[PDB]
Amino acid sequence: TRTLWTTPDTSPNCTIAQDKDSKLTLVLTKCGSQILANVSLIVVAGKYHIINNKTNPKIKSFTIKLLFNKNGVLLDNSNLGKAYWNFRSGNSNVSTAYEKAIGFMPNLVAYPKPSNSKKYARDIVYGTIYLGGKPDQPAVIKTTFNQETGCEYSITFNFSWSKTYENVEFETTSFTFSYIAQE
Amino acid sequence: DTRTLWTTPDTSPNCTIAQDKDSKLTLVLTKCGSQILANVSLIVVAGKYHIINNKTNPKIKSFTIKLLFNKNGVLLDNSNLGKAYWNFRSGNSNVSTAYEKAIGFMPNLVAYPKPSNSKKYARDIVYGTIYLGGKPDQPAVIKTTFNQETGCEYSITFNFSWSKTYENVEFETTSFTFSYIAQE
Amino acid sequence: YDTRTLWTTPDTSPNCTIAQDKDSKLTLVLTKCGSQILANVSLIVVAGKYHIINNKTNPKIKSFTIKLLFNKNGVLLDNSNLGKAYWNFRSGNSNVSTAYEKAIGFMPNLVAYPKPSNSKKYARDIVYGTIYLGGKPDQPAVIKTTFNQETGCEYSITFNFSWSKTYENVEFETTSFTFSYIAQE
Ligand SMILES: CCC(=O)N[C@H]1[C@H]([C@H](O)[C@H](O)CO)O[C@@](OCCCn2cc(CN(Cc3cn(CCCO[C@]4(C(=O)O)C[C@H](O)[C@@H](NC(=O)CC)[C@H]([C@H](O)[C@H](O)CO)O4)nn3)Cc3cn(CCCO[C@]4(C(=O)O)C[C@H](O)[C@@H](NC(=O)CC)[C@H]([C@H](O)[C@H](O)CO)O4)nn3)nn2)(C(=O)O)C[C@@H]1O
Ligand SMILES: [Cl-]
Ligand SMILES: [Cl-]
Ligand SMILES: [Cl-]
Ligand code: NA
Ligand SMILES: [Zn+2]
Ligand SMILES: [Zn+2]
Ligand SMILES: [Zn+2]
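Chains as they are written, first to last, in full-length UniProt numbering: chain A, 183 to 365; chain B, 182 to 365; chain C, 181 to 365.
The set of hints was computed from the structure by calculation and includes no laboratory data.
Take these hints with a grain of salt, some might be off.
Facing chain B, from chain C, some residues (calculated, C-beta under 7 Å) [claimed, not checked]:
1) 213
2) 215
3) 276
4) 278
5) 291
6) 292
7) 294
8) 302
9) 304
10) 306
11) 307
12) 309
13) 310
14) 312
15) 359
16) 360
Beta carbons are placed, not taken as given, at the ideal position from N, Cα and C, and that holds for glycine.
With the rest of the complex left out, here is chain A:
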């Protein structure tokens, strides 16, 4: 029944374009064979803080990657900082870094690493979130399992938009999804 999370405060914990430019709020709750996931994003500074596609027509997407080793431990090339990711204790985290979280990893049979074998779309979940909570400011959140190199498991969030936003702050509504657990 346990939960891996980023504390749900607004303290930046994530680096998209520059150090600590964002707060990823991610909560993974183990419900047996499935992980129930809840995600939102606040960009606080830098390139993706205020979108202006009149000024910058090609600024239309970015990616946040969580890379994990064989024990389900977060690797430092991840966009999310290691100090910010742990099992929940109250509204905070355990003060000791976890050793094992394989039960939270995306299942490798469901979602295999890239190979020469046919690639299926099963390892992707699509959703839409809304910038500033406004229903006319959609952005697509594409979540992909186990497609990154340099790791045993991965979860990546690609944010993209097709509208021409003029001075829109990139901070989002929340989205829930699930995925099949490794064990």
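Got chain A sorted already, so can you dock chains B and C with the ligands onto it with the hints?
Positioned in the frame of chain A, the structure of chains B and C with the ligands alone reads:
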């Protein structure tokens, strides 16, 4: 605690949007540790929002259903949802005693703070779309907001809206699932 | 043995018959979180009529249905599109070795989602979602899931897939979708 707080799954009106008991809100909240798994649908049976005609009434485009809770997670009487059949599940009905404590089912206050002079972040909203009459060409938006009402310690608010011009369409919906971060 | 999960296994071995025998893999995982079932679904078509969609050549091919029919004990009936052989409780990445006898706690609730009758039919028993063919964001298809509307069974879950765009040689294999439903017990 993997308990379920719900409205019961019957179709007996339990909700007051425009007039007394004009609707059945079916809401099921199931605790999976630090997240609440929520399932929701709505049937309007009477009054202003029962049969929508936007040719004759083009400005009838949205309405709101509020659930207000005290410090103990107990539903307040001024909610649109009636208190009588909002309780922990037993079979297809409820436990025989009104609950006194459900803080573990409340939306987390750090994730979703009450209104203040601090910046309001969008992460206290979840958007979804449901379909009137089960028809794929009859979308309506369900906007769910956590802890943005006053006169309570916690809240869940459902705003229903639509942009299509409906003509004599009965407002009864498909179901939507979401989750939120639990207070404890 | 995992008593809280009924699934198809996560492999890609065909287990489903839409238009011809074993033309598809339905990956379906039902996880009991008490009074709610958390469901995760995707579909891979490997052969036959629904494998490669070409609506220039075949303008009428726009939808199909996959039916799961259950008896009073929550056991899958053999007229379901999904095969009984690999629908079972989880054991690792496989299944428990004997066929299950009871799964009533995984069935969609009959008061929430009643069988057809003279009583008014409500839309509550439907969940709509959209999945994406080939993982491409410009290739939507609608997944309409309906609870307990089939005859000849105690319970049912049916998945209707449809699309409105004119696809030209698009393989029908989907992204994943999550939903939940109210459990019978
Ligand atoms: C699950 C069942 C279902 O989907 N039902 C839908 C049915 C059904 O498909 C058919 O009836 C068949 O049964 O169709 C409906 O629509 C068809 C008839 C009406 N219609 C609408 C359109 C869209 N346009 C016309 C148009 C619409 N607008 C509305 C304003 C603009 O849109 C927003 C906005 O403000 O930006 C979008 C935003 O998300 C809305 N917010 C919410 O919904 C909040 C939850 C917002 C809001 O509603 C208003 O602001 C409130 O006032 O509106 N303007 N103009 C025709 C059109 C053609 N295109 C181009 C591409 C078509 O779309 C796809 C694609 O196929 O490529 C669709 C695909 O899903 C997208 N992928 C993703 O989103 C990934 C997650 C892609 C992708 O975005 C791009 O490819 C980029 O990669 O685009 N666009 N518009 N046309 N016709 C119906 O019958 O009513 C809707 C039912 O919901
Ligand atoms: Cl655990
Ligand atoms: Cl009441
Ligand atoms: Cl045809
Ligand atoms: Na606007
Ligand atoms: Zn700013
Ligand atoms: Zn009516
Ligand atoms: Zn193929």
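Using Cβ atoms only, decide whether residue 292 of chain C comes closer than 7 Å to chain B, and label the hint accordingly.
holds (4 Å)
*Was the hint right that residue 278 of chain C lines chain B, CB cutoff 7 Å?*
Violated - the Cβ of residue 278 of chain C stays beyond 7 Å from chain B, reaching only about 27 Å at its closest.
Interface hint check: residue 310 of chain C, Cβ to nearest Cβ on chain B, cutoff 7 Å. Holds or violated? Violated: closest Cβ of chain B sits about 9 Å from residue 310 of chain C, beyond 7 Å.
>> Does residue 213 of chain C hold up as a contact with chain B if the rule is Cβ-Cβ below 7 Å?
In response: holds (5 Å)
Using the nearest Cβ pair, does residue 276 of chain C come within less than 7 Å of chain B?
violated (22 Å)
#### Entry: Restraint check, 7 Å cut-off on beta carbons, for residue 294 of chain C near chain B
violated (9 Å)
query: Given residue 304 of chain C was flagged as interface, is its beta-carbon under 7 Å from a beta-carbon of chain B?
result: holds (5 Å)
- Query: Would the hint on residue 306 of chain C stand, with a C-beta cut-off of 7 Å toward chain B?
  - Reply: This hint holds: residue 306 of chain C lies near chain B, its Cβ roughly 4 Å from the closest one there, short of 7 Å.
Does residue 360 of chain C hold up as a contact with chain B if the rule is Cβ-Cβ below 7 Å? holds (4 Å)
Task: Interface restraint verdict for residue 359 of chain C against chain B (beta-carbon cut-off 7 Å) - done: holds (5 Å)
Please verify that hint: residue 307 of chain C, Cβ, nearest Cβ of chain B, below 7 Å or not.
Holds - the Cβ of residue 307 of chain C comes within 7 Å of chain B, reaching about 5 Å at its closest.
Given residue 312 of chain C was flagged as interface, is its beta-carbon under 7 Å from a beta-carbon of chain B?
Status violated, d = 16 Å.
Going down the numbered hints, you'll see the structure goes against 3, 4, 7, 12, 13 and 14, while the others check out.
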